[PDB]
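Yeah, one chain of the complex is gone here, protein chain that is, but the others are all in their spots.
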């Protein structure tokens, strides 16, 4: 697998970090020499200093031979130009590009899906975020929904609280309750540190507990944990930009939505374009605006401006003034787990989201796929069981008898269209998709080795 | 009292906001028309659009007749030029100027105190902050030390916690304990909202409780509340700029200080200039640097970079990694109370500090002086009891019999050199300094009226 | 004619300014509200605020109906995306784009000429500039060569001097002293004011005289006016960049070229890429370097750095130190007419060159285009004679019987591939290309009326 990453920013670099290994040859292009040196010190990859869409720069990165091209530069127009130039001159297969402009996506069918602009897969960070928040809204009480390249399976995170079904009970004590639907804990995060879920792991308060669920039965699982809270009525959105306006349009038909936008010329525009949203012109930190429009009633306050501090301060104010749940948009995913949990209920990063999507396309045709759950060294992953018992170290063997790396816990198996909750006696069959959670991502290539069969 | 404020930034504007009234005529100079319109809408003051140090602009603000000149522009050199031009051309008395440069203050004696540069009072925001943090370090457990223009009296804030002397006990129940030293609660802040301290006010957890103390006996009061924790051993400072390097120099002789500075060229300089400080070159968010230098041992982690988010994220990480107490430098005082309390122990603003100092010079020769305790509408103040019983509405009368405005509580009286803890039977004598806390600062001019005697 | 210009910078703005008029609907798209306003204040055109390559912005500027799209934004990648989006979504005809990157141009065949990236016409200023200089070197004595028609016609500017062939002679007296060559004076600039060339106009010293010539007979005209100087032998180029390195390749095999380049790692690279050029490592203003390499022998000194300040100081030093002629590259177009002529013989601007080229695409699409000449010597336009005698006020008539506005001079008529030097007896036939020069831009729209049929 020969991979070229155009632009070594947060997204390109983090991607590069997640793809270094045996079966992957990573080359990164960037015109900033400082960024290249920094990345090369940490990881085994090749670097090209130049403009990502220049024919020679692209040639020097070996676009004729490469198997995938990922364009994550500063600009859509450079990403588009890179994919055009690469395709036209070198026939480079699998061209993925980040496109941040909703204007382009509005014509994505006519522009990209016709091969006019030769992009195979658009990664639209603004769209992904809007979809994620909306999906959280759909499951009141849900702290995080984890996705895999296998769309049939998901994880749902919830926060344990005093006098809740979860707090105090060990994991094995929950397994005594089998009514209607049964799930298994995939991961724990207390105090920002990952705990490997064992039978005798006592759930403490303020833990972030991730349960395994079929993607089409999340509501049903949360219900059966007495953790599905009543539907959100009142949503308040701060920041009427690309993301804010998008989310409001998606919600206004089913929810009661208020939006605050401090630019009057932009705000007036949003009032007509949003038929069922009440749009206010005002500042996010304005106590008297938040009070006048009853912030004490708001079920979820969502801060979606582009400045993290504005969002943070705003949401912290909303919580102080009685908003039930608050969500903030944090730019860099590193800060997400940090700022989350205490006072701020949920933090979402457009960079994380982009990276999550990008890992579902690259890890495709690989053994292991990384999930959208990545916190520090911790991360949930999916691996494929190729081969039969004769050639594989996992196929045929039972889950309780698999030589997993340290810190690694198998949470569920996806066989065809059925999602099986992991048990010790369960036998891994061929071409299964095994979902694991690792406390430390350094053992991924070990998981890779484990699931890699002998040469047929 | 005729006051000219040069520069209507955060400091100038906030000052202007605090000084509007009957006995004060406020004029603000600024070259940004937008900033002027905004301020005039809210407050009764005069605005001049021009350069603060131009002879005509200064003339147009009435510098010949004015009684005080406050220079808080963007630049020290403009502040200095304004004070020179005002003095030389109009003999304007009482010239206060903000000087941010330690280089100038290093020669403050030869430059200002000689009348070469005609500044009467330097307001040095970097120095004030360094002094404040240091003063907090001196009283382990102290959340905030409140100062007044009467240097003889102070307030000390502490946070109530479960199984602590404070939590659960009503205020009257504390008055049953009179050993050695006795104090009175001046203010309460729970959930960021001010509560007027009454006899039957039950102290809840995480409340910010302010006790009255003589400025020279703070340690003695905290001791007698079982709230003076053991001396801080290990201090870790992030950001080796003006403030960070300053604080380290002050502490290194009495504390074990580590400093982190990400710029290697600046960091190397600090290693030699700080004889007893260990200086590290590295990033604030670097988990492995913080761990290698045992952040789990750090008694107080102090984030003093100029970026609030950097400081916030950094300190939140330090707390997660086990640092006992964390303090952050937040630029705008509005965010200070917001970000404080939850996870971040203390937030300090250089703007607040400047404003605090500026209010001790202006309110001088006034009736009321505002303290360094200002949180939203809430603020602690000091008023002077001028006149005798014949002409005053407060002198002679007992504290329990004073027609105070709503939300107002007298906490202590400073008579000469003795600080008297307020009791209901205490009689106000002449020229006393009465310390009150108001839940809403809108009643200040009422306090002013109350302490204003009849025309002699 | 509905024309869309993307980006209202120097080039986009000047262009619109050159085409705003009667038969032209100019819409300018730009990301900057302020540049649009200035343009609307000055001219009656439509302005659209948005990103030049966004589908809605292109549609809102009416790309569906438009007849030409000109992309002159900040970056090639936006120009390309814009041409792409316009073609794919709206089938916008005649898509012209500025492409500054030699890297993209190196693959011009594979990228653009195949319709992968749908640019119909590339305007590459660096190349045009390089080409212009080379064209000047080819005609020693030429201060300026301007093109009209499809470049089929040219003007050759020369400066008249004391004890010279031009000075002293009336214009009609020159038509009688030229035996087998046909030319016409198109414009003159003496003192600080432009003069309309008449029969009784005596050429005074230091005048810049513009002659009309067929492009394939420029050398023959200059020769027989005793104004074609002997071939340049020694050329010195300062600055080995895109333009410098390029111009050197074009010259080194037929001329003796030395190049000065202060970037030492760059100088080494060029030393290899230039088979017949001597590359010196040094600063352009270094006298001890310039005197060492015989600047007094240098026929043409060419300063091609990106710094106008360097170019000017460099050339003036060279001129001071005895170089015969000096040519500079000027970025800021305002100064070009000034900088040329006195101490510095020739000044060349990449923005001007772009505007020229964009107007050669105007000249092929049969729109009349105004252009100002050097130092306001005259404003030049080329117009088409539409209609027959019945519907046109010009077709059929001889030049001597046409009521042209004051200050207006017809210089030549272009019939197909045939260039007729304008004479009083010359009859304009239908669809002819009449190239004229005006002393005043205030009479510009009047000429349009002549050539616009009923």
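Letters A, B and C name the chains as they come in the text, with residue numbers starting at 1 for each one.
In this text, a residue touches a chain if its C-beta (ideal position, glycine included) is under 8 Å from a C-beta of that chain, and two chains touch if they have at least 3 such contacts.
Across the whole complex, the hidden chain's contacts among the shown chains comprise B, C. Set against the missing chain, the residues B:78, B:220 or B:297 yield one that touches it, B:78. Of C:339, C:346 or C:428, it is C:339 that touches the chain left out of the display.
Among B:1, B:20 or B:111, the one in contact with the hidden chain is B:111.
Only one residue in the set C:165, C:322 or C:453 touches the chain that does not appear here, and it is C:322.
By the touch rule set out above, chain B reaches the unshown chain at residues 51, 53-57, 75-78, 80-81, 84-85, 88-89, 101, 103-104, 106-107, 110-111, 114, 116-117. If you put the missing chain back, the residues of chain C touching it would be 162, 192-194, 205-206, 287, 308-309, 312-313, 316-317, 319-322, 326, 334-335, 337-339, 341-344, 375-376, 442.
Quick note on the criterion: only the chains that are shown with their structure count from here on.
Inter-chain centre distance (chain A to chain B, centres taken as mean C-alpha positions): 43 Å. Averaged Cα coordinates give chain A a centre that lies 55 Å from the centre of chain C. Averaged C-alpha coordinates give centres for chain B and chain C that are 68 Å from one another. Residues of chain A in contact with at least two other chains: none.
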